[PDB]
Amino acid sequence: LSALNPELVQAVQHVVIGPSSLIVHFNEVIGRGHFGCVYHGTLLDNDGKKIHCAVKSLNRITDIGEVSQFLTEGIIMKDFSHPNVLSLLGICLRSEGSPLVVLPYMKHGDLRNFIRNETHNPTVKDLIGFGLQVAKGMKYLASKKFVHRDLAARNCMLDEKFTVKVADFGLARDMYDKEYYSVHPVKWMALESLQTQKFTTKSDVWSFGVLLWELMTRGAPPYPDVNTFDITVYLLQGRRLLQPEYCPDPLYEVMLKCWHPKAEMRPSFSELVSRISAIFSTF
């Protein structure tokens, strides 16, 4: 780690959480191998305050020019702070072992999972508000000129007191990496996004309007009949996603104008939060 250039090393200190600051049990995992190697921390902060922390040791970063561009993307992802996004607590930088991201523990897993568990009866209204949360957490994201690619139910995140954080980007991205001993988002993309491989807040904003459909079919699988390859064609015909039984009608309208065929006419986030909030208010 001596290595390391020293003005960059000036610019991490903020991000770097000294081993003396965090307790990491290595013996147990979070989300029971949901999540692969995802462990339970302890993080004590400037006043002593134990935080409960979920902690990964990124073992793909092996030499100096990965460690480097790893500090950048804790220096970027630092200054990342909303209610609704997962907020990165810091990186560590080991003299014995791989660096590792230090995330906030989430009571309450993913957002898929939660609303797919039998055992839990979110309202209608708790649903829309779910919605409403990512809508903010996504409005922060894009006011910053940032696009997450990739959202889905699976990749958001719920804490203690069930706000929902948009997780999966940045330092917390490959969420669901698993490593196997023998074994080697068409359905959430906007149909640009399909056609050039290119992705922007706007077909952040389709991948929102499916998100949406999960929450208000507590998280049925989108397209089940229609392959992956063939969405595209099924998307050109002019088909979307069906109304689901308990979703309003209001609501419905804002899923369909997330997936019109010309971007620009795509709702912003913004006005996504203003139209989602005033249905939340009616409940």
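Between two forms, the rigid core is defined as the largest C-alpha subset superposing within 1.5 Å. Numbering follows the first chain given and starts at 1. First, how it differs from the form deposited in another entry.
- Per-residue Cα shift between these two forms after core alignment stays below 2 Å for all of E73, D126, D150, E192 except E73.
- After superposition on the rigid core, displacement of the C-alpha of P99 between these two forms amounts to 2 Å or more.
- Positional change of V273 between these two forms stays under 2 Å at the C-alpha, relative to the superposed core.
- In the core-superposed comparison between these two forms, the C-alpha atom of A263 has shifted by less than 2 angstroms.
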Second form
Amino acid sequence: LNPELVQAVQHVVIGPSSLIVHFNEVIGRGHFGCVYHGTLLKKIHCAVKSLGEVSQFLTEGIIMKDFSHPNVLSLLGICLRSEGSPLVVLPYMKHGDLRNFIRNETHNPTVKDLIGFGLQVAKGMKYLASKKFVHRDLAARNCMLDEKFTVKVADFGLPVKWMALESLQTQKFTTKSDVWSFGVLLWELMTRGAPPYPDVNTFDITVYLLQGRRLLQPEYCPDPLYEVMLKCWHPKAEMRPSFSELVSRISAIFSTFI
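Please could you give me the other form, the form deposited in another entry, since above is the form deposited in one PDB entry?
One chain, no partners, no other molecules: that is all that follows.
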């Protein structure tokens, strides 16, 4: 391991002197996989995700440790223990992921609340793009809801039905292909967690998109908001709106919505 990477990652490292990991306490009955309840000691409730590649993990830890924004889930720290797997320590999200929350028949957020959630994902994505951070897996399942219903962009994971055309063809990813995925997320929000392209199988998604065909406008989705989704799925990556434009446009729709 490069000794400078080791020096630079020490500020991200957390150990047993402050972190109690409750390995017999899984979060959300197994929804997120190997993610356990944790306590950071002055008590803080956290989520402890259990996982050459070590180099890239330390690098990501450094990058994610800097994230500070109300709509981006924070990296509280990482564990690099002599015995066992690497751990990722994140803040505990009271209402789990966004897809599950809105799919649940016992939750009924209004049309305006769903637009509000989308506005929050846009703001988190505007911040991530400002740091040149390409997500590669932006979906409702990867957005978390805290105790005050604040949406926080996160990653708990090919999601071919969320990828942009150029990513399906060339395998390359950019902030512009994240904008495409954001459009599908807005669709998930307006459909209340319905799966995108139910009649189009994974292997034929590219041909469906090349034919100029897109996700249909969900009922109760405002026409200006559907226009925004269509801009997110522009076949030319350079013509898609930025997350700053998506914030401006969605705030306008949100504040005027009747």
